[PDB]
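Chain X: place on chain Z using the hints.
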Amino acid sequence: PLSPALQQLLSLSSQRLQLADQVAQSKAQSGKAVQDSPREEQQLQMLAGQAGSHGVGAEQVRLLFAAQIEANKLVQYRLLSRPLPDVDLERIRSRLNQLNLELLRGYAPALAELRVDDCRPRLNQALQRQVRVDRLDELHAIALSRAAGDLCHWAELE
Amino acid sequence: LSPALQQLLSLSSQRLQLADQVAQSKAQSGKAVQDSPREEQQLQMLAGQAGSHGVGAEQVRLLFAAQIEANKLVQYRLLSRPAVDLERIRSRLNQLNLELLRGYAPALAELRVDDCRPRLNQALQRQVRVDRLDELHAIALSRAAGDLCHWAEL
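Top line first, the protein sequences correspond to chains Z and X. Quick note, in this note's numbering, the first sequence goes up one by one and the last residue is 158. Quick note, in this note's numbering, the second sequence goes up one by one and the last residue is 154.
Derived from the structure by calculation, the hints contain no laboratory data. A hint or two may mislead.
Calculated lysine to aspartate or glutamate pairs in the EDC-like style (CA-CA distance at most 16 Å, straight line) [claimed, not checked]: (1) Z:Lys27 - Z:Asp86; (2) X:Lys31 - X:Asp20; (3) Z:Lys27 - Z:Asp118; (4) Z:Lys27 - X:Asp147; (5) X:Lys26 - X:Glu110; (6) Z:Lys32 - X:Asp20; (7) Z:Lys32 - X:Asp147; (8) X:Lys31 - X:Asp85; (9) X:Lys26 - X:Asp115; (10) Z:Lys27 - Z:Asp88; (11) X:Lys31 - X:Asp114; (12) X:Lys31 - Z:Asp21.
Bound-form chain Z, shown alone:
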């Protein structure tokens, strides 16, 4: 079966985690930690507050974005842990906000596509398809599976 809304969610997720590479460059210079727990909590609270104007639950939104943020972090930690191949943060932030809003806009139809008896198959096929579309390397492919998290379970929350 087709799962277009899911495929969209994953394309957005792919774009978002691809920004990690540039964040990791920023942080090799600023000395800033990959993780900022208060800041991440604040972001989750702000995104959850938008759930009602996109037809989804607050908790569903916090779960989605916690997974997005973790996907981003695992790329950053890996890149900082090896030699860097060798950044405008305001442009990164504006791209993040745009992608976040598109994720919110697409989340309710993706959750509806997931409320099926073959969710894991559909998810796995959509992940592999996205990896192939975006020519993701192994690190970024791992990140994408991380960004999808437990979507199959989150679909059956509400």
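For chain X alone, coordinates are given in the frame of chain Z:
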């Protein structure tokens, strides 16, 4: 060799090698990778023991949040591509957590240096080479190390 740090990473490596068996369990049981109540209960259980192991409560939460996330990223990956005694696996994880906690203070001391990321990165690759970690598990090990360099100066 930075030996305490090396041992902290070896213990991390051992812990994240169990993720493969947790993933198998969940493939068969249908349980979610993530269980937020369970994870928070674990972080509370361990952070409360910080003082007795010569470290701070926040340092301990940070370490174990990274351990748990490292485990989760292996599980999600394995479930996304093509029998386990879970009570035994979770017992082994418990033993590894206690070993991590005892080894934490001496590792943090080794990280209070002006070349922390070079030492960390060399320790990470050494561990990858010694344990023959594949790319997934090497990535997971970098995740487990997290922001150790920053946590050492809390």
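Against the structure, the hints:
1. Between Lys27 of chain Z and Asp86 of chain Z, the direct Cα distance comes to roughly 13 Å. Compliance with the 16 Å bound is thereby established for this hinted pair.
2. With a CA separation close to 15 Å, the supplied pair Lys31 of chain X and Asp20 of chain X stays within the 16 Å bound.
3. As the CA atoms of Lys27 of chain Z and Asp118 of chain Z are separated by approximately 41 Å, the hinted pair breaks the 16 Å bound.
4. Pair hint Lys27 of chain Z plus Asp147 of chain X holds up; C-alpha atoms about 12 Å apart against a cutoff of 16 Å.
5. About 37 Å separates the Cα atoms of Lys26 of chain X and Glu110 of chain X, which puts this hinted pair outside 16 Å; it is violated.
6. Between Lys32 of chain Z and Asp20 of chain X, the direct Cα distance comes to roughly 32 Å. Violation of the 16 Å bound is thereby established for this hinted pair.
7. A threshold of 16 Å between alpha carbons decides the hint, and for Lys32 of chain Z with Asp147 of chain X the separation of about 10 Å falls inside it, so the pair holds.
8. Our distance criterion of 16 Å between C-alpha atoms is met by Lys31 of chain X and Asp85 of chain X, whose separation comes to about 14 Å.
9. This hinted pair does not check out: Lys26 of chain X and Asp115 of chain X have alpha carbons roughly 41 Å apart, beyond 16 Å.
10. Restraint check: the Cα-Cα separation between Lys27 of chain Z and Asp88 of chain Z comes to about 12 Å, which is no more than 16 Å; the hinted pair holds.
11. This hinted pair does not check out: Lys31 of chain X and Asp114 of chain X have alpha carbons roughly 44 Å apart, beyond 16 Å.
12. The suggested pairing of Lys31 of chain X with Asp21 of chain Z is violated, with an alpha-carbon distance near 32 Å, which exceeds 16 Å.
Comparing the model with each numbered hint stated earlier shows that hints 3, 5, 6, 9, 11 and 12 do not hold.
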